[PDB]
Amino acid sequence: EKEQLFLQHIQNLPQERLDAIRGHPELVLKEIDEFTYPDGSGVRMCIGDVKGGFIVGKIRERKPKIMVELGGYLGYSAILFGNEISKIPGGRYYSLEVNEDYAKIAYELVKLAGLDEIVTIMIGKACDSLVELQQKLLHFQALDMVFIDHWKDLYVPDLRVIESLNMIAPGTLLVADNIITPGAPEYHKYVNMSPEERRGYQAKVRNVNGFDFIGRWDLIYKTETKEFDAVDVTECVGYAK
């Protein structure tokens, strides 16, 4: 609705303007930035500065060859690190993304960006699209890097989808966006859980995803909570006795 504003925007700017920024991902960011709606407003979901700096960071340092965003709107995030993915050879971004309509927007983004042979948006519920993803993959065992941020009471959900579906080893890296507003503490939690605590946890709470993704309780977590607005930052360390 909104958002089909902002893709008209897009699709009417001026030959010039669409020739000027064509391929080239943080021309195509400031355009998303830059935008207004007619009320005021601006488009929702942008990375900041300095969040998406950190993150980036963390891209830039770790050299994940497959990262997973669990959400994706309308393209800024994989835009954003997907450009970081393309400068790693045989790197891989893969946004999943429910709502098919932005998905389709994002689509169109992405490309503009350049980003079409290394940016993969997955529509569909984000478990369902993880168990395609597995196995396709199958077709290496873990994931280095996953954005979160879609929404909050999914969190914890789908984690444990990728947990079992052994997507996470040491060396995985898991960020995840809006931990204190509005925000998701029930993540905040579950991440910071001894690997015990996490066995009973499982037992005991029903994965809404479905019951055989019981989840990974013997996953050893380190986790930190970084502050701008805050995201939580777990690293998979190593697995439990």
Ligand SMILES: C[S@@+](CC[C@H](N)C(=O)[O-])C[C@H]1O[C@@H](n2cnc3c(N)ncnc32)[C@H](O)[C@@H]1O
The other form holds:
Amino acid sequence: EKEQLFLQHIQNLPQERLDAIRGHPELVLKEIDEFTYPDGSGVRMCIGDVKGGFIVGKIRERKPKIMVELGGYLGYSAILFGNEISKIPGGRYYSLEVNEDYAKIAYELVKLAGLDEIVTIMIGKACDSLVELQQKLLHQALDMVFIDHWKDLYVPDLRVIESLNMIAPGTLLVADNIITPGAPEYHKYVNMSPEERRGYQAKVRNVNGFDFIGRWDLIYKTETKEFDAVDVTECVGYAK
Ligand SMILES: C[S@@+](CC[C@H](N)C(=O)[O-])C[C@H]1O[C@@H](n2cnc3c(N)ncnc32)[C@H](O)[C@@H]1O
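Alternative state: the form deposited with this ligand bound, after the form solved without this ligand:
Shown next: the complete complex, the earlier chain at its head.
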């Protein structure tokens, strides 16, 4: 819709401009940041400079080899963090986006950024794509996960990740918009003890399916970082 206007803008840039920014993630991000729609507004829902910088710091510190984001929109975070993943040998970035129209646009921006060999966009519901990703990785656990899609799916999709044994000691979770609009359920979940999560999981049906009850035997450590806020959750071991 609106998003097609943005894609048209990029595709209609002069060749000299495309040649100038091609293969330069930071420059492609700036073209996204500086675009204005006819009504005067900008591209929405992008992770942005300040939160983005914080997360970039975590990636440089922890050097995740496998990073997954839930919710890609037009490719901004995939480009920002995929660029960081580039610097890490063997590193791969997976973006799980439900809207095919959005994903197609993100695919072009990611390619223009020079990140096509590093970033893979999976189209479909995150819960479905995670099942498929697990099949592809068995050939195991995720190193870092950026959770940035619909707030009501934070805990259901996290429980899917848990159930697929994609969370292990060393795995870091970064969840966006903890305050605005808010994800209180998620914030509650990742601050729960293993025993608390065991009861929650038995009590609260995963809307994604009975088979995705989750894994309570994970020890979590969570810090909220305020800027709005993001929750930073590390699995630090398996629970007794
Ligand atoms: C905040 S935007 C993601 C922004 C992106 N991470 C960035 O910073 O550039 C939320 C996105 O989640 C997507 N979404 C909603 N439900 C989803 C689901 N079940 N699985 C995957 N993506 C979903 C929407 O299509 C939307 O593009």
